[PDB]
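One chain of protein is taken out of this complex; the other chains stay put.
Just so it is clear, A, B, C, D, E and F label the chains in written order, and each chain counts residues from 1 on its own.
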Amino acid sequence: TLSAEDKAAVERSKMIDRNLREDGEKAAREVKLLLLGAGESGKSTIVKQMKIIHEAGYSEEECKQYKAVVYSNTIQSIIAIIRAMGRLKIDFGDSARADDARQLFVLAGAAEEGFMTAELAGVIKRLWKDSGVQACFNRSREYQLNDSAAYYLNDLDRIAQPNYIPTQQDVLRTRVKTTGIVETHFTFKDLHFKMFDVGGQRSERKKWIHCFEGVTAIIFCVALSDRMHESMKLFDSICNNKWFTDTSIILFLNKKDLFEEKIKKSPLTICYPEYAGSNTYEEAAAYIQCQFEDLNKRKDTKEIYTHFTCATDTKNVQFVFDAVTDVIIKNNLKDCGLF
Amino acid sequence: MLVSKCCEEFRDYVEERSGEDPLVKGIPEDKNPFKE
Amino acid sequence: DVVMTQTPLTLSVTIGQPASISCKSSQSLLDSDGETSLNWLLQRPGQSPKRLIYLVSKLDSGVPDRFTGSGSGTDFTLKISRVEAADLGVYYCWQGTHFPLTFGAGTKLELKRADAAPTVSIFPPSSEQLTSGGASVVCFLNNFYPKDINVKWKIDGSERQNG
Amino acid sequence: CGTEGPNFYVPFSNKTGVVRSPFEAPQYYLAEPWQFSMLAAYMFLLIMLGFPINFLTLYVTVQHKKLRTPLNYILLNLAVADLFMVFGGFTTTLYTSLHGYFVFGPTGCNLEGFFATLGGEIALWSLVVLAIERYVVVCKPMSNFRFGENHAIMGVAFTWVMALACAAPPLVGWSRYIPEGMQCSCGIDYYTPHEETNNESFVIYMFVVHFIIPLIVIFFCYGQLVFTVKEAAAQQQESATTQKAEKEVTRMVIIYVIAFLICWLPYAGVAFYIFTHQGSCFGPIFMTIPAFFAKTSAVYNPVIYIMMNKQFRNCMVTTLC
Amino acid sequence: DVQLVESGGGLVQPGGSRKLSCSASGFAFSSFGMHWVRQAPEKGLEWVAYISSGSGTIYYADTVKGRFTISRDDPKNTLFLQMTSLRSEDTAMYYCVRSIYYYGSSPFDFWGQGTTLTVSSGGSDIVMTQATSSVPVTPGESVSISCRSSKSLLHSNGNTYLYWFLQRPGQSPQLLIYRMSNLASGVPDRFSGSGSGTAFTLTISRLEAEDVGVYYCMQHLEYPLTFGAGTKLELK
Amino acid sequence: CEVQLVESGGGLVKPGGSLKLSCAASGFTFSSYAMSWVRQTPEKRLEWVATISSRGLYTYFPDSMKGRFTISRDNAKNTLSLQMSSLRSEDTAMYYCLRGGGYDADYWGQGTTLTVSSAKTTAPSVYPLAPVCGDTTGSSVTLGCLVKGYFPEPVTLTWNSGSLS
Partner (left out) sequence: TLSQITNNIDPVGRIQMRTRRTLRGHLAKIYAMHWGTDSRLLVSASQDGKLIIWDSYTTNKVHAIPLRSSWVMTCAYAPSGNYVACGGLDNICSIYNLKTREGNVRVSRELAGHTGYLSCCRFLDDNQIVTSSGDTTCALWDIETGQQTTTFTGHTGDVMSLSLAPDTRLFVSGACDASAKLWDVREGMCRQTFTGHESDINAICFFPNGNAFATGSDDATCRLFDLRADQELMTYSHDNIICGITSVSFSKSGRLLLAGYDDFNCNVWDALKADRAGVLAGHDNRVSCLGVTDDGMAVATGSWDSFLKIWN
């Protein structure tokens, strides 16, 4: 029995293991929706207004995941300002702040979750009122500074109540440079939905050609009326890949008002000169769907979910939740012995 | 620079490396803490 | 010696040929923040000195892109792709890393004059000045030959270095 | 009506003096040897069909590890069950109608009755549990739950627990195992009285636990399934393949129900008519009708639930040779 | 900043009960095992009790099992030691010591300041022997202290479970060397350890001022954990 | 208001004397911008003078000259002033005041001239000598002028309504 002090590592391993099992048991039950497209100037923007208008859910917890981001923005902003004070040789209006400045470097490692004693708040209020700090803020175009720096520091009263709920505009302000992804953790009909709006296309084919597999649904955005043959080639390559034989393609033909006007004035033949149908929505949409689905050639079933949509009043949540439920049911029956 | 010189290099590096690999040479179980 | 050396000290360059001048500092110019306090400056005769390059790579407003600073530590290089009339003057590399601030020796860039027949105008002092114990000869030498020649002073048949 | 014995009861009057012990003389005075000739040949027929299916099942599950999933374990259970019916039932009955009398003694009688009843009950509740499993998986009643190998293992163990809760008591001192019908097959004495072994409480226990609960459970689960699928079909009016799946599932569930009633409502009706219509007596010729139906269930349950399953039907391409 | 602050010490009548506390902050308290070690007035260190991280494993010294209880409240990051039927021989300075056990970890790497308890008046264990109780030294010289055990400390797993600690006068003990060759964080490379099986030596080169104190060797092969009596360094 | 840089105080000073240069900067954030003084010797050698921070709490001066020059600044006129005593021969130079410090000195001031000489101002003797007859028929003829004893520079000489220099 070579257990000597060692019969302690196993116990640790079993506690870590239990933790890994518990997060894992909960996860994987999430319904994940992947949005792709953006092959145009503004597709995901159209997606964003439809999301704003027809999608919601702001529990306390989703607002809470932005707490660390708010704090990090604030701390990094004040750090940037202080460092610029050192760089530009700006002195305190009152030499007693030199003591604050020593504390400042200490309180700068105090950047933990939600340390907002009245003393720190007063130090920040005093710095923000300083003329050299105001001078830096008004010269912020020469360095990097959140545009909302003054907005928040001037709003500390509103910001510090424990019932603060970030607005939608607050979220829009959360700064995104090169990568995004959109997340929500709302509850609805006892299902936890997770919806992801991704862009970055026109070049990231390799990320979906094989990085995705097992996802619940694809949402493919197409610019109806906004080179083109290369797009058909990319879709052919992705669409017909043997590893994606069993994955559903769901199509939201968006900007339908402009498309309906364009097909009145712009023939479908610009894209497909061999098209002999009429320039009605139904025939042109059916023809496009046919051209895409014909690229498969290796699948007896289709289960394509086609939708007929209207204006800003369209009951979207009913439509989205019915489609989620039918796909989950058919995907639960497919592997329960019944067929 | 042709292939066979580098191939003598691959030989003269490979030859005295059998004595360390425990797979091709195989391994006695006493020379591994992987006995159960 | 305290050497703040810009090299070469004197260069004759063809019109349009690029010029590269090296700057060597007696001490390292890196501060605690990892930055470089370097300015490339041009001082023209009759005009205020004008900054050419700031922070090695940030080109100053209104300065042509022909001026390019490069380098690190004590090794600096200022490059001019095209030598033009505005480039005339004295070139300096100025560091603000160490206090008191130190100024470089500079490179004197001037345009070569055109070759022409030797124009010599001489005004010896009059006999009144010669009997007065003083001698001041006024000598204008325009487009003289050879180029490699120094100002000659001859007194009583002997060359005089002083004066 | 019958010849009461200590270790036996022959449903045939001894007032003539003709009846003998079923452990002793070939009982060729109850019926002419041609009837037992067909009986034995039929048992041999079902042997050369039953061991084929269940063995091929085992070989194929071994061969293809894609089928090695938690959900398929209870089908392995079914294979085992019918192997019980093969060894406990058919072979010793063969060796007795071939002889005319039961050779291995009353202890072999207990062995046969035990293993036969054990196999039949394990199969019964294996089917109950599979239906329960499909209910939980598809209807998803339990919010935020998974169905892994642990649950299949608890299900199998539970089937063995309940099966032993029926087959083992006659081995410890409750209702006795005796040759029933043509006396070549030993089973529970549900048809005579015997106060020493308390047959009534045991038979009532059997009728309720091994009849009322299975029927109630199957109706409830499948009712919820049909209700769920009808609602789903109601919501997705335009998906043709879903309409196909609805129709096919309903076809198969109705098949399942009729198979299960065929399998068990014979014993139920016989015992119930014994109970409410006291004072009667039927003989072996009609008393071997239910044995017929049960053994053939030993036949046509392996086809329907192993052969027809499209997760095993897809091996039948790789199976027939 | 990792802190362990013991409290609850004091003077107690014999036979009474007392709960000591050790308050932890600045680290993941619940991930660490915790020990209580005590030191009689003029004596060495003796291990008292252990509670694992997660409280799944608890060990007591024989003279204390059944009567004394060690416990921890991990959510409140506090360790407790409840003492009963206190005798005069329980009078000691008590240190709380943290210890995480995993491949390559350094057990016993941080000690609290300790709390003092004073009680009024009224075999199978490995013996470790340092036959020399004190040694006079002069600065700059190099010393080698030795200690030996009656059984081999080399285990069938290949490890030799030997630790060396230093207690400077008036301060808490400080870990110096673990598993024969690892330099403790912050300890100068002038310390070095060697030995074989049952006899071991710690050598200091160019001994400095701060090096003065009592040096203990210790086995962690099996519980109860046991210390040597300690070796004092006197100036000439 | 208008960004203005005015320098004053330059001229001739006797050895051992004192003189006050002043640079006034207006139209911009004088209080939040540093300031610099730089001297240029007539021998085309630039020599650093001084650099003061935006608010004047940190001042950098060469040690070889400390104790001779005094710097001060007034926010009432936004003006920097520098007094010099015990000047040397090398202090005869062109002085520029620059907005910002060594890390932000982008604009250079006009500057003023400082000359030190122990000689007292003397009227220069000016005598024009024209070329002899017969050597004046060329296309370009340059006259001669003997100016002796000149102090200080420059000496103004105008002939023919000042047309010729």
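What we mean here is this: a contact is a pair of C-beta atoms (placed from the backbone, for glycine too) under 8 Å apart; a residue touches a chain by one contact, two chains touch by 3 or more.
Engineer: Consider the whole complex, including the chain that is not shown, and state which of E:32, E:47, E:108 or E:216 touches that chain.
Structural biologist: With E:32, E:47, E:108 or E:216 as choices, the missing chain is touched by E:32.
Engineer: Even though one chain is hidden, which residues of chain A still touch it in the full complex?
Structural biologist: Contact residues on chain A toward the absent chain are 6, 9-10, 12-13, 16-17, 19-21, 23-24, 27-28, 177-179, 181, 200, 203-204, 206-207, 210-211.
Engineer: If you put the missing chain back, which residues of chain B would it touch?
Structural biologist: 1-4, 6-11, 13-14, 17-18, 20-24, 27, 32-34
Engineer: Just checking the interface: what residues of chain E touch the absent partner chain?
Structural biologist: For chain E, the residues touching the absent chain are 2, 26-28, 31-32, 100, 102-103.
Here, only the chains that are shown with their structure count from here on.
Engineer: Counting in whole Å, what is the centre-to-centre distance of chain B and chain F, each centre being its mean C-alpha position?
Structural biologist: 82
Engineer: Using Cα averages as centroids, what's the distance between chain B and chain E in whole Å?
Structural biologist: 48
Engineer: Could you check chain F for residues that touch two or more other chains and list them?
Structural biologist: Within chain F, residues 101, 103 contact more than one other chain.
Engineer: So which stretches of chain B touch two or more other chains?
Structural biologist: none
Engineer: For the complex, which residues does chain F have touching chain C?
Structural biologist: Counting only chain F, the residues touching chain C are 40, 44-48, 51, 60-63, 96, 101-103, 105-106, 108-111, 129, 140, 142, 144-146, 148.
Engineer: Provide the residue numbers of chain A that touch chain F in the complex, in ascending order.
Structural biologist: Spelled out, the residues of chain A in touch with chain F are 87-91, 131-132, 135.
Engineer: Enumerate the contact residues on chain F facing chain A in the complex.
Structural biologist: Going by the criterion above, the answer is residues 29, 32, 34, 53-55, 57-58, 101, 103-104.
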